[PDB]
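Before any questions on binding or motion, here is one chain by itself as structure tokens, the form deposited in one PDB entry.
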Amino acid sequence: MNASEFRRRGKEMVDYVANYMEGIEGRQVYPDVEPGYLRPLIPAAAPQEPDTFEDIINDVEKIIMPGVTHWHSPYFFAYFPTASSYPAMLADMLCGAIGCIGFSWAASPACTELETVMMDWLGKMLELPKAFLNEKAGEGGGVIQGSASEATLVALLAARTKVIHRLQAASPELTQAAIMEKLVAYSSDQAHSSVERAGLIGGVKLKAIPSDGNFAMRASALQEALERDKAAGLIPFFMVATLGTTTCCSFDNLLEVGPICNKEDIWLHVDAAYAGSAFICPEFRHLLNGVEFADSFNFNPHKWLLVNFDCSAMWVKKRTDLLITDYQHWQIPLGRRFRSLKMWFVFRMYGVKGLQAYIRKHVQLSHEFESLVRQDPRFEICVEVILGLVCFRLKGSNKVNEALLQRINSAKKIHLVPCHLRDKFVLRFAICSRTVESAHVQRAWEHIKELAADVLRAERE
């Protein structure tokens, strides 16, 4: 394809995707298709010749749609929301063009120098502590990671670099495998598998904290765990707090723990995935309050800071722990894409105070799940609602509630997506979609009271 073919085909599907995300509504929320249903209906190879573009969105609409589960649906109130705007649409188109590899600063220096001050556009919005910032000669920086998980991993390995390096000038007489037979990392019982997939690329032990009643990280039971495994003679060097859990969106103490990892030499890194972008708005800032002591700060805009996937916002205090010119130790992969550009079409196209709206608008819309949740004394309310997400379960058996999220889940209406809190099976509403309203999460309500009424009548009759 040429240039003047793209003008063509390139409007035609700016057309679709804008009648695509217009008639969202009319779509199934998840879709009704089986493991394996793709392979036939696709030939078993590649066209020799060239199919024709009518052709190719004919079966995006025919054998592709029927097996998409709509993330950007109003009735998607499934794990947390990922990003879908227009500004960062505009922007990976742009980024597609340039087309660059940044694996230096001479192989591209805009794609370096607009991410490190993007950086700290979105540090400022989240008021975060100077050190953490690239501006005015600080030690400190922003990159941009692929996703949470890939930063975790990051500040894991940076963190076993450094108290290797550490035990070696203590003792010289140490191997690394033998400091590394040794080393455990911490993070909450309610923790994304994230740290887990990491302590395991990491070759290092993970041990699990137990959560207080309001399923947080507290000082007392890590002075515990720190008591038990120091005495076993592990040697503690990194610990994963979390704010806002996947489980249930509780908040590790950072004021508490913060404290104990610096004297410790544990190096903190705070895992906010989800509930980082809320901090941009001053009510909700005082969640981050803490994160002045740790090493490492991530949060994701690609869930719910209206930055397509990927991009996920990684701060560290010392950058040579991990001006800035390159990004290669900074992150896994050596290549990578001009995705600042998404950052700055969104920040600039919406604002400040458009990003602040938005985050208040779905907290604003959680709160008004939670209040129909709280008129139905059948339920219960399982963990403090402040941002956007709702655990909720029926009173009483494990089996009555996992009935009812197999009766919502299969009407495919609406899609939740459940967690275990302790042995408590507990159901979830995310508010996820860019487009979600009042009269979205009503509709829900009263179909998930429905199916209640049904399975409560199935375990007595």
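Residue numbers count along the first chain shown, from 1. In this text, rigid core is short for the largest set of C-alphas that superpose within 1.5 Å between two forms. First, how it differs from the form deposited in another entry.
Put simply, after the core is superposed between these two forms, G138 is the one residue in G138, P259, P210, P129 with a Cα shift of at least 2 angstroms.
The Cα shift for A225 between these two forms, taken after rigid core superposition, is smaller than 2 angstroms. Superposition of the core reveals a Cα shift of 2 Å or more for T69 between these two forms. After superposition on the rigid core, the Cα atom of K449 is displaced by less than 2 Å between these two forms.
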Contents of the next structure:
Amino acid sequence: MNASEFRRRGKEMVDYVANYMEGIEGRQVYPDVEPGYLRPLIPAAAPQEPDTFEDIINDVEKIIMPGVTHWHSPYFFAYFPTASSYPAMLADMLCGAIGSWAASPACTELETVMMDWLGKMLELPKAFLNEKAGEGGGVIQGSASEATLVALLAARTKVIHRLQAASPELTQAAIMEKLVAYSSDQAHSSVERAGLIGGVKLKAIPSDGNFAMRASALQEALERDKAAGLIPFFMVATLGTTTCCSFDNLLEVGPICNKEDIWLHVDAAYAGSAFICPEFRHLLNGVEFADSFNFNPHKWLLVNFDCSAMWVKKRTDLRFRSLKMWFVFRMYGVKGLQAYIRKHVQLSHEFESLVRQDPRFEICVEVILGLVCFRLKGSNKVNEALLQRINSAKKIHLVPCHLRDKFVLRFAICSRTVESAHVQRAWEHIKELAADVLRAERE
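Shown: the form deposited in one PDB entry; wanted: the form deposited in another entry:
We keep it simple here and write out only the one chain, dropping partners and molecules.
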């Protein structure tokens, strides 16, 4: 098609897309249609002459939509990794119209500036800023896995140089066999992968009663290891774990890392975004000690998933993406974005209220942000039974996890469209299915 066909069909498409997102409340969260349904609804060969736009869209409603998930609804109470905000979509259109530094000076420079915005919003130390400070800095990464790996390699290179300076005798290989890294029991898969790929031993630290790393468990691990002739060099402290919103106590853990020459990497998961709100900055106290800090802004800052933001204390140790950051930051403002997290935290606590009022259910971890870790009091069996009925019903979606050896229902309020109405109706449904599940238990 030409340009002015596009102005029309494009505007038409903005309309279709808007509608979708407005009435998404109605759609069923899971497709209620089976593998195999599609082949016979569509011609066996491609059309020779062009079909109408009119006819294609109808086909998307009638043929494609039923077979689609609809992760963008308020009733999908799990993190939806590939969601996108409206400003992200606007950018995404322009980002595709355009299509190294030399190739695109705007792409690169905007990266450097947007990281600064992000840095200031979170109120990270000044040292972390790319504002020409000549020290520290920040860069975008594809995955939080990449970041964890970069910090690790950097930490590894660093300890090797230090240890070989002390004793010129030792071999690089000799040192590597002895290197240990640490993370909390609730550390993300992306840490295991980092150490696997980086060629060092990874050990979990026992977390406390609230699933946080508390030093005493850290110090012990260090004593056990230093004396078996191993060498701690690197550690990930998690802020906002993926199992529950658990925060590793940075104030206890950092001072140890400094003393023991351990490199402190802070994996702020998705939670990091919350530090643009003052109520949460105390969870970040201790960042002073950390050598690197990583988080994914996507979940709470509405930016693109493609982006994992990461800073370092010293720059020397170490897709058109900043455009979407720019749009989203500019179209919500800090206060808008704050308003946003703040709304979800409140809906999360509204849900929590509901769970405390039903004596059949217990809450497992302190609710800090959007996620609520809750379960039915009893055996794991009972609860596995329940999550099955919730999914079977295809009305809402929840994902579980284990905590120690306990099966836990995660209720996650992340979606853009969520209101308390939805939480209200969601609770009740869960409530009704528990009733049904509970009868069964007695048989």
